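**Student:** Chain by chain, the residues:
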Amino acid sequence: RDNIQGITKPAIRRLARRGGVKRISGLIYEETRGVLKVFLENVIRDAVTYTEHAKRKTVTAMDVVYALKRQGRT
Amino acid sequence: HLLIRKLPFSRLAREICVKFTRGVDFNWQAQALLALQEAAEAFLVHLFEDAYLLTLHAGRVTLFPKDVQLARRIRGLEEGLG
Amino acid sequence: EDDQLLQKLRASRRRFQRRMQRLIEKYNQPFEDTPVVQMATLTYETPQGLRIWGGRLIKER
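Residue numbers (the working numbering), protein chains in the order written: chain P, 1 to 74; chain H, 1 to 82; chain L, 1 to 61.
The list that follows gives simulated cross-link-like pairs (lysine to any residue, SDA-like), each with its CA atoms no further than 25 Å apart:
id	chain 1	residue 1	chain 2	residue 2
1	L	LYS59	H	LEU34
2	P	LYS69	L	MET20
3	P	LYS9	H	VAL61
4	P	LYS37	P	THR58
5	P	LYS37	L	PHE16
6	P	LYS37	H	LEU2
7	H	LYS6	P	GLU30
8	H	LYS19	P	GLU52
9	L	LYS26	H	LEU2
10	P	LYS37	H	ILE16
Hints listed in this document are in silico derivations from the structure and should not be mistaken for laboratory results.
Isolated chain P (complex conformation):
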């Protein structure tokens, strides 16, 4: 999991600012990383298995959209 740590602190700060957040605990960084992983896991799973369902080898924006609709409902 050296990759989730590649999601940087400044990125997390920008995201929080965009959300209206004036200040954060230093503990927010891992919290956020953990939330992002779970999101991406749910959505990517649906995306690729959909691509596979369609007998394709390239994940398309329409595959991602299918997965967003699924996770949306859920």
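Starting from the known structure of chain P, fit chains H and L onto it as the hints suggest.
**Tutor:** For chains H and L alone, coordinates are given in the frame of chain P:
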């Protein structure tokens, strides 16, 4: 518009993606990667908004993990009751 | 500030919903002739040449 760097993000998406594809890396439309990233950012920004309302409600201006944790549980109730 | 809390949460959820629906309508198309990222290497063809996705151009054509 995008807030996360695309490269680190796509490495993560690739890492996650491979678990479902028998150790074979499926390729991605550039637009699939952007769709995914925009959607993740929208999600996190929404979560931050929700979390921060709880911060302000506690009488604070500093966001803590407990505020985030709590905003997740509330989204879960919204999703489950409505 | 409790009554006002819920109201803000309701507003917040709605903005998110509208936003996700704009995202879904915007991306739900083929984009048939757009670049495919080679995930094994995280690179893709640009008019400029071969580029790293989110990174520097690595081969000039």
